Amino acid sequence: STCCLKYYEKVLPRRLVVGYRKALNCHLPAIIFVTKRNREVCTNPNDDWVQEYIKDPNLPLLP
Amino acid sequence: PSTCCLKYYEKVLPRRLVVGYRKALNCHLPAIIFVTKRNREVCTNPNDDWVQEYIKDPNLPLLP
Amino acid sequence: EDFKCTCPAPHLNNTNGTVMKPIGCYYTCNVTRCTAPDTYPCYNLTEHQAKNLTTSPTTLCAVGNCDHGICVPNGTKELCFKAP
Amino acid sequence: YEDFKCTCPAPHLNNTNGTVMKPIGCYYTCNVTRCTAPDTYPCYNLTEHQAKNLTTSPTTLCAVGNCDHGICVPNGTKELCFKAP
Numbered sequence: 015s016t017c018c019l020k021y022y023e024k025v026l027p028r029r030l031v032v033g034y035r036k037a038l039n040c041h042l043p044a045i046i047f048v049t050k051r052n053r054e055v056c057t058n059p060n061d062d063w064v065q066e067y068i069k070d071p072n073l074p075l076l077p
Numbered sequence: 014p015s016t017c018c019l020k021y022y023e024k025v026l027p028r029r030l031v032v033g034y035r036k037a038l039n040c041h042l043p044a045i046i047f048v049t050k051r052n053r054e055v056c057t058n059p060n061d062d063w064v065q066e067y068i069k070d071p072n073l074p075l076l077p
Numbered sequence: 021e022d023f024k025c026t027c028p029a030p031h032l033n034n035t036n037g038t039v040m041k042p043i044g045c046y047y048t049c050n051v052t053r054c055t056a057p058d059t060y061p062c063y064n065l066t067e068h069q070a071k072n073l074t075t076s077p078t079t080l081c082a083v084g085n086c087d088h089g090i091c092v093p094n095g096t097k098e099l100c101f102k103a104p
Numbered sequence: 020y021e022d023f024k025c026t027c028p029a030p031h032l033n034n035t036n037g038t039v040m041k042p043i044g045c046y047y048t049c050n051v052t053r054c055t056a057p058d059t060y061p062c063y064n065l066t067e068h069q070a071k072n073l074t075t076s077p078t079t080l081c082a083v084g085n086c087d088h089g090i091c092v093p094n095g096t097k098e099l100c101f102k103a104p
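Protein chains in written order, with the entry's author numbering: chain D, 15 to 77; chain C, 14 to 77; chain B, 21 to 104; chain A, 20 to 104.
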């Protein structure tokens with residue numbers, strides 16, 4: 015029920031991310047990465063690092 | 014020096030790709046311009062830490 | 021400091037199959053006050069409608085776009101509600 | 020990497036104010052991709068006379084403006100422009 019208004023353009027180190035969420039019914043569709051400190055980071059779903067991160071089976075989608 | 018930047022490259026540029034740098038500071042968007050292996054000029058924010066650590070490198074020179 | 025305004029913000033739902041739109045143009049990441057991008061779609065509510073907003077489609081929201089942090093209404097309307 | 024689409028420098032003119040350098044328009048080209056200046060970005064709005072007869076000397080009075088939807092909307096202020104050698 016949340017949407018993203020600014021994309022994180024840098025690459026997020028994998029050691030910080032524990033999971034991800036999807037916010038696609040938004041004006042700026044985004045993949046939301048959740049970090050170790052419970053920080054939600056908005057990223058562009060078309061970026062390759064975002065896609066290569068989601069393909070990781072140790073990086074789960076979180077309900 | 015007669016060029017200014019209108020969009021910053023926010024991602025981190027791998028050092029192995031860059032051959033040098035220029036400075037464009039008398040601009041509305043002051044920028045450090047990195048020159049890559051294929052002669053591409055890439056605009057970056059001068060306050061970013063990666064950009065500054067690249068300039069501190071004595072093996073990465075300012076280009077006339 | 022690259023995480024200043026990259027956090028998600030709460031948005032409202034509709035019943036007409038359009039994108040989700042937030043209350044106003046301002047959202048907070050941690051302690052930082054952030055502003056929506058220009059032209060970003062939003063709802064412009066009265067103080068009455070904000071206190072009487074429910075999880076049910078009962079309120080008619082004015083739709084608008086963000087300009088300098090202000091939700092300028094565009095004249096169109098939708099039913100908005102908060103997700104449970 | 021399509022992230023290099025519009026991260027290239029653009030040609031700008033010099034002035035005599037001690038102010039920032041300003042481009043001839045709000046549109047710039049990197050490789051083959053057309054890029055647009057950020058909104059409100061400062062620029063010069065010149066007539067074709069001033070553009071074809073512009074020189075490296077401070078001789079032309081340019082209309083100064085800001086970028087709106089890729090267009091240099093004049094703000095009423097003026098400057099002396101010249102191309103840097």
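The set of hints was computed from the structure by calculation and includes no laboratory data. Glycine included, C-beta positions come from ideal geometry on N, C-alpha and C. Hints may be right or wrong, so weigh each one.
[Stated by the list, open to error] Capping the alpha-carbon separation at 25 Å, the derived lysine-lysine pairs in DSS-like fashion look like this:
#, chain 1, residue 1, chain 2, residue 2
1, D, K36, C, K50
2, A, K24, C, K24
3, B, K24, C, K24
4, C, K20, D, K24
5, B, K97, D, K50
6, B, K71, D, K36
7, C, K36, A, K102
8, A, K24, C, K36
9, D, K24, A, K97
10, D, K50, B, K24
11, C, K20, D, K69
12, C, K36, D, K69
13, B, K102, D, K24
14, D, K20, A, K24
15, D, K50, D, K69
16, D, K20, B, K24
17, C, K36, C, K50
18, D, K20, C, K69
19, C, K50, D, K20
20, C, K69, D, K36
21, D, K24, C, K36
22, B, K24, C, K20
23, D, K20, B, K71
24, A, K24, C, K20
25, D, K50, C, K24
26, C, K69, D, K24
27, A, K102, C, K20
28, A, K71, A, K97
29, C, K50, A, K97
[Unchecked claim] Residues on chain D that point at chain C, a partial pick, calculated with CB under 8 Å:
#, residue
30, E23
31, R28
32, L30
query = So which hints don't hold here, by number, going up?
reply = 1, 5, 6, 9, 11, 12, 13, 18, 19, 20, 23, 29, 31, 32
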